[PDB]
Amino acid sequence: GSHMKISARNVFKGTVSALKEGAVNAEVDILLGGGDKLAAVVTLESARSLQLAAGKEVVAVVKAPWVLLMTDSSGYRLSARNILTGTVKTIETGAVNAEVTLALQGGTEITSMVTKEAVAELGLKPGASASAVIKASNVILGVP
Amino acid sequence: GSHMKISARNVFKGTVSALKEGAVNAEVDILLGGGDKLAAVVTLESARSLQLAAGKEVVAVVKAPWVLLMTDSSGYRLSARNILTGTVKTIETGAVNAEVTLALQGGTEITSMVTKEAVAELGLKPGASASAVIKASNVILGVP
Amino acid sequence: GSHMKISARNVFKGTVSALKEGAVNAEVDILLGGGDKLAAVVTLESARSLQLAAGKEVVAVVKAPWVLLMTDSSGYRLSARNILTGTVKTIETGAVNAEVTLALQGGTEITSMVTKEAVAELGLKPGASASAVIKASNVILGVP
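Residue numbers (PDB author numbering), protein chains in the order written: chain A, -3 to -1, 1 to 141; chain A', -3 to -1, 1 to 141; chain A'', -3 to -1, 1 to 141. A prime marks a further copy of an entry chain.
Calculated from the structure, these hints are not laboratory results.
Hints may contain errors.
No distinction is drawn between identical chains; accordingly, a pair holds when it is met within one copy or between any pair of copies.
What the hints assert, rightly or not - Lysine-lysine pairs mimicking BS3-like chemistry, simulated, CA-CA at most 25 angstroms apart:
# : residue 1 : residue 2
1 : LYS2      : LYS53
2 : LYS10     : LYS86
3 : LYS113    : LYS2
4 : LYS2      : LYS86
5 : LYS53     : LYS17
6 : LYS10     : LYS113
Chain A on its own, in the form it takes in the complex:
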């Protein structure tokens, strides 16, 4: 009971910087510790029931397998709302998968589960630049 204990490798505390409610869903923009911004999309019902408002503290939860890693966009613009650039800090290889941890500017760490082939193909290595790509619809929000 000292914290929330959840399996997700990424659990970030932040404050809502903007709340944009439409008739079906609500986009919640969150300012995390390091200055990193993350967007989450939740249902209108959740935005009302969780009592979301700009300035309120929230937790954003993202499972590792939901994070994609990108090293070269090659000019492409993507539909996913969150493209967080950082540097590779840790890689731990498994049998077919691997866990990659990136440090974002400001210090936040984000962890992604990708195939060991992707680590190979992307040329990941401690210090290498990469972006974590996360759809806002794959971010779960929590409110104290």
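Go by the hints and put chains A' and A'' onto chain A.
Relative to chain A, chains A' and A'' alone:
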């Protein structure tokens, strides 16, 4: 052809207890075998084309990597619609991942794929209480 | 910078064959190389900002863990928009997971990450027929 054969570790048969259609999506509340309830969100087009209605039998499909495990909410309320409490029945550890199976009250079993670090950090062990957290948008529905 | 380098095992180039915008989201129908069709659902804001239009070239990105495999629908109709039938080309087993690659008619290959139990239960083997099941909401789009 004796059943539906799909990779998902979780395939549950149930009856629709409530159908709530909006102009874009439809929330389908499903009563599963053990008395467990699961919510799914599908498009309006799917609710019309599948002929959904309260009282009709459906199958809900959830891939293992889409299920988060939580042991202590610490007072937090989450945006995900499904928080199913149960007890740990089986854990099988892999290289970087692990498969955890929970028994819910009533008997339904739910299987989650998490990192082996999460199993360690959460202190999971046969008999330990935990909740499976599943967004309703990550439940696929099937109709005979 | 010769291509987009992203971890996703499935990155397909295609042309938009239909764009259907509603007040919240937009369904984008994509004709891939082999003649295979894939549907993606993106936000209205993304459809406007990416300048989507029928006839324009796009890339569709799907992470391996987001693809389900099905061998026998047994008559069931599912809520997921993409059901792509193909033949198994490659399986590589890990510790608890496995990577399965299917060849679709026309030549496109799709890769799925499933549990090694699912490979066993489905009786997958090179040449076996199977369908990749992908929600349209789990397809990320990119535009040059």
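Evaluation of the provided hints:
Proximity of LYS2 and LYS53 under a CA criterion of 25 angstroms is satisfied intra-copy only: 21 angstroms inside one chain copy versus 37 angstroms between copies. When the C-alpha separation of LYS10 and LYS86 is checked against a cutoff of 25 angstroms, the pair qualifies only within one copy, where the shortest distance is 21 angstroms, while the shortest distance between copies is 32 angstroms. In this homomeric assembly, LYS113 and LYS2 come within 25 angstroms of each other (Cα to Cα) only across copies, at 15 angstroms, whereas the closest approach inside a single copy is 28 angstroms. In this assembly of identical chains, the alpha carbons of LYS2 and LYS86 lie at most 25 angstroms apart whether taken from the same copy (24 angstroms) or from different copies (19 angstroms).
Taking the closest pair of Cα atoms, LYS53 and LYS17 come within 25 angstroms of each other only inside a single copy of the chain (14 angstroms); across copies the shortest separation is 30 angstroms, beyond that limit. With identical chains, the CA atoms of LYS10 and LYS113 are at most 25 angstroms apart between copies only, with a shortest distance of 23 angstroms across copies and 30 angstroms within one.
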